[PDB]
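*Asks:* One letter stands for each residue in the lines below.
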Amino acid sequence: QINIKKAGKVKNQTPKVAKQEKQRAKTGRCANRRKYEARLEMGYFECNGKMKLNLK
Amino acid sequence: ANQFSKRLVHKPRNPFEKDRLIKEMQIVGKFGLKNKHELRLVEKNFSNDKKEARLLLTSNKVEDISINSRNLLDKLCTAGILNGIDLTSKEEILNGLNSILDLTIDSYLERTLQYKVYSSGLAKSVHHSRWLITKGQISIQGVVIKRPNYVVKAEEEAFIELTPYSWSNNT
Amino acid sequence: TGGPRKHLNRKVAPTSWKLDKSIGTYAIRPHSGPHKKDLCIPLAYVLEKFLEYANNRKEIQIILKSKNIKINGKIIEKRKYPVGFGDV
Amino acid sequence: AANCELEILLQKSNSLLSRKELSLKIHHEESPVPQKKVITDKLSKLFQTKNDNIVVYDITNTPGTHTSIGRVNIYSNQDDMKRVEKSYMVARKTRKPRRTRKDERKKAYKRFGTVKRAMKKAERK
Amino acid sequence: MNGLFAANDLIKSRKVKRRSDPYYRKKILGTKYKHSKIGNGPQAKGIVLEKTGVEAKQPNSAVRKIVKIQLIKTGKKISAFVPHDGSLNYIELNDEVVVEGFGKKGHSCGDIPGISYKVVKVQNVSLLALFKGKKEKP
RNA sequence: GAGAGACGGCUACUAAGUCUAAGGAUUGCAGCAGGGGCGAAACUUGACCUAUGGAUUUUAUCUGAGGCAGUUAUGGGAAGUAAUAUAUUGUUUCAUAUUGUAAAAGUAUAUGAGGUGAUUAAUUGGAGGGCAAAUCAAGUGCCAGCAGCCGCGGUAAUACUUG
RNA sequence: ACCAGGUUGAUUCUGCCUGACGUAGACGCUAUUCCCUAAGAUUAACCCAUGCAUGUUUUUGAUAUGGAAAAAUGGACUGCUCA
Ligand SMILES: [Mg+2]
Ligand SMILES: [Mg+2]
Ligand SMILES: [Mg+2]
Ligand SMILES: [Mg+2]
Ligand SMILES: [Mg+2]
Ligand SMILES: [Mg+2]
Ligand SMILES: [Mg+2]
Ligand SMILES: [Mg+2]
Ligand SMILES: [Mg+2]
Ligand SMILES: [Mg+2]
Ligand SMILES: [Mg+2]
Ligand SMILES: [Mg+2]
Ligand SMILES: [Mg+2]
Ligand SMILES: [Mg+2]
Ligand SMILES: [Mg+2]
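Residue numbers (the working numbering), protein chains in the order written: chain A, 8 to 63; chain B, 56 to 226; chain C, 1491 to 1578; chain D, 749 to 873; chain E, 139 to 276.
Hints listed in this document are in silico derivations from the structure and should not be mistaken for laboratory results. Possibly wrong hints are sitting among the right ones.
Stated by the list, open to error - One side only, chain A facing chain E, incomplete, derived with CB under 8 angstroms: (1) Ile11; (2) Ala14; (3) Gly15; (4) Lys18; (5) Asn19; (6) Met58.
Virtual Cβ for every residue (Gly too), placed ideally from N, Cα, C.
Let's have the full structure, built from the sequences with the hints guiding it.
*Replies:* Shown next as C-alpha cells:
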C-alpha cells in the first residue's frame, strides 16, 4: 500500500520560458582585467570587503 | 609519480579567506598575470632560499661560512635581485644573508621581461607588453624571445631593444 | 641464469669512461685480458670519444684494417681489445 | 631574397682518412636557410677541388637567430668518397622489402638439397 | 618499563595496547575481504527486479524511491536509491544499472534507512545528464 | 656440452584437444602484433637496420632485442581566445619553399594570400552556517524533492522546480 | 610549525562524528596548439585462429663460376611474468 504514481510531479508542471542570448564573455587575463578595474572603482579594497557585490 | 611527472605546487590550506584574496588580487592586477597558478610558482622558490638562509646563520662549521654561503650570495646577484657586495670581507657576508630576509615577492616579480619592458619607455601599460612579446617584436642583444616570464639577469638589463627588422620598427 | 653474461648496461658503466647517460641503452663489454676490470677501456671508445678520428662504425674498421694502430709494439685489428693502464 | 656568408671555424686535417674537416657559419640575414646546392658552389672557389668531391651535411638553424651551423668534408678524388662514406649519404648526392626476405630464407633452411632433388621427387608422383 | 636496556619489554607491551584501536583491529582481521557487500571496487553492475518506495524516519515525512537489484560479480541481492526527481520514469524492468556509494565509510547517511548505494548509469546513459535533458533514452 | 635438471631440445603419466582414405600422425603466445573469457578497469593482425648493442676480426649477413611513426583528457611544462584610443593595427583555423628524414612526418627560418573577438576561437561547480557569493522574481504546499554534519518544505520558501 | 560546526533554559569539561588537505585506480560533463612522459600488474600463472621473432662462415668446392651437402661456431645470453 505504497504509492509510486506521483513520481515527477513538480518539474513537469512548471512552465518553461526560453533562454536569452548573451554577449560572448571574455576569457583569460582580460577576464581578470575586467574584474579588477570593476572592484577598484567602488573602493572594495579600502573597506576590507564589507559591501554587497551582487546587487539586484 | 615519476620524476618527470610529479607536481610542483598544491592548493592553499584555507580555500576561502576574505583576508587573503584581497591581498593577492592587488598583485595580479598590478603585474599583469593571467593565472592564479603562475603566481604560486614564483613564491615557492622564494620560500626555498629562506629555508636555506636560516641554516647558514646557525652553522658551526668553519668552512660553511666560506663556501656555501658565498655560493648563496652569487646566484641572486647574477639575476640581480641583490645589488652587489664585496665577497672577500667576512662581516659583509653576514650582512648579505641578513638582507635576504628583508625581501618580498615583488623583488622576484619585478625582474621579469614583461614588466621590465613597461618600466622602460618601450611599453605604455603592462598589458601592452604581453600583447607585444607574443607576436615577436621584442629582442634582447642577439636573441628573439617569446616568453614574457623570462627572468632578466643583471648584466643583460641595459641591452633590451626593439627587433631591428620587425614591422614595429620602420622596416 | 645457467651461464655467463654477455650484455652490459649503460647505467652500470664506469663513470671514468666519460660516456653520456643519454639515448643509448647498452655498452660494449670488453674482452678478457691482462689488466683488471677497472683499469681497462675498450678500444672503440678511444678512436671515437677521446681521440677524434672517426664518426660512425664504418670508419672504425678503416683505420683498424689499415694496420697502423700499434699497441705495445704490436698491430691489432680487434675493436674489443682492452687498453689498460700504462701501456703505450 | 637570398643571403649566405661563410666563416670557417676549427679547420683540422685528417691524414689516415685523407680528408679535411671544418665547421661552417652561415649568416642568412633576410632569407631562409640556404639550400645545399649554392653552398657547394661557394667552396669550389676557395678550395680548388671539384664540386663533386665536396660533401656537406647537418644544416641546423639556431632558433630565432638567423644563423645556421653545418659540417664540411672534402676529398681529393672521386673514388675514395664512395669508399669512406656511408651508402645513403652518397645516394643523397646523386632495395627489396623486409617482409619478403624473411620468407625466402625460411624456405631455404627447410631443404636438404638442391632444386634438382626438389623437382626429382615431384617427378616420381 | 622505563629503562635503558628495556627495549625488549617496551615493544612487546606496546603491541598489545595497539590492538584496542577500532580502526586497526579491522586491518588485522581483514574484514574488507571477508564481509564486503559489493566487492573491492568503485562501481558495480546489476539487473533490476523491483521498483518500490520506502518511508523516511521522523521528524521528516516523504517517500524515497528505491530499486532492488542483483549484482553480477558476487551474485547477491541489494537495494539502491534513485537519486533525482522524475528519474524513475526512464527505468524499466529487465535492465542493467551501475551503482555508486554514498561516501560515509560504509554507513547510511541522510534519513534514508538501511540503504548505502545509489544508481548512476542506466543503459550506458548518464543519469545526471539525462535529468538535464542533453540525451534521450533508447 | 666449458656452462642446461634447458622447454621457439628429447622420454613417460595426468587434465584439455586437433588431422585421417581409419592402418596411423601431431600442439604448448607469463616472445611481438591480434582474437575469446573475466571484469568498474587498459592501444596498430603498422614500417626499418638510421643511432646503441649481441652473434670468436661485425666496414654489406641476421636481429618484433632496439629505434621511428599511429590510437588514448596518465600526468608535468612554454603558451592563446586581444591591445591602443566605431575606427586603427595585427595572433590561431589555410597554403608554399628550404633545412630534415633509411624513405615519409613533425619542429625550426623565410614567404604567400583573405578579414574577423556577439568569433573558427570557454567550460565545470556553487549562492542559510562551516565557506567567498541574492531575505531577486514566478510556480508547489510535510507533496514532489534537497541535504558529508547542523537542518529547510503547512498558499509572502534568499534552504525544492525553472528563469 | 594555523583549526572550525554539532549534547543544554543558559555555563564549564571528558569524549566521538563531520568539514578543510595529500597518493594510487575507475567514472560524469567540456576541450585550440607545441615539446616531454606513460598504457591488460590488481580478478584468470585462464583457453588460443593467423602472420612473424636464430642463423652465420672459401673450411673443403655440388658432372653445376659460385652453391649443394659435410665440417666449424652460437643457440644456456637477450626479452616476458610474479604462482
Ligand atoms: Mg568526501
Ligand atoms: Mg631459457
Ligand atoms: Mg629455467
Ligand atoms: Mg623442464
Ligand atoms: Mg612459446
Ligand atoms: Mg602478447
Ligand atoms: Mg585507463
Ligand atoms: Mg551555470
Ligand atoms: Mg559571507
Ligand atoms: Mg553533499
Ligand atoms: Mg546550500
Ligand atoms: Mg594476470
Ligand atoms: Mg649440415
Ligand atoms: Mg599477485
Ligand atoms: Mg602471491
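*Asks:* Each hint: holds or not?
*Replies:* Verification of the hints:
1. About 5 angstroms separates the beta-carbon of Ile11 of chain A from the nearest beta-carbon of chain E, less than 8 angstroms, and the hint is met.
2. The closest approach between the C-beta of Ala14 of chain A and any C-beta of chain E is roughly 5 angstroms, which is under the 8 angstroms cut-off, so the hint is satisfied.
3. Checking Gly15 of chain A against chain E: minimum C-beta separation of about 3 angstroms stays under 8 angstroms; hint holds.
4. Nearest Cβ of chain E to the Cβ of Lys18 of chain A: about 5 angstroms, under the 8 angstroms cut. The hint holds.
5. Residue-level restraint check for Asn19 of chain A holds (minimum Cβ-Cβ distance to chain E is 7 angstroms; threshold 8 angstroms).
6. Annotation: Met58 of chain A was flagged as interfacial toward chain E, and the flag is violated, the nearest CB pair being 35 angstroms apart, outside 8 angstroms.
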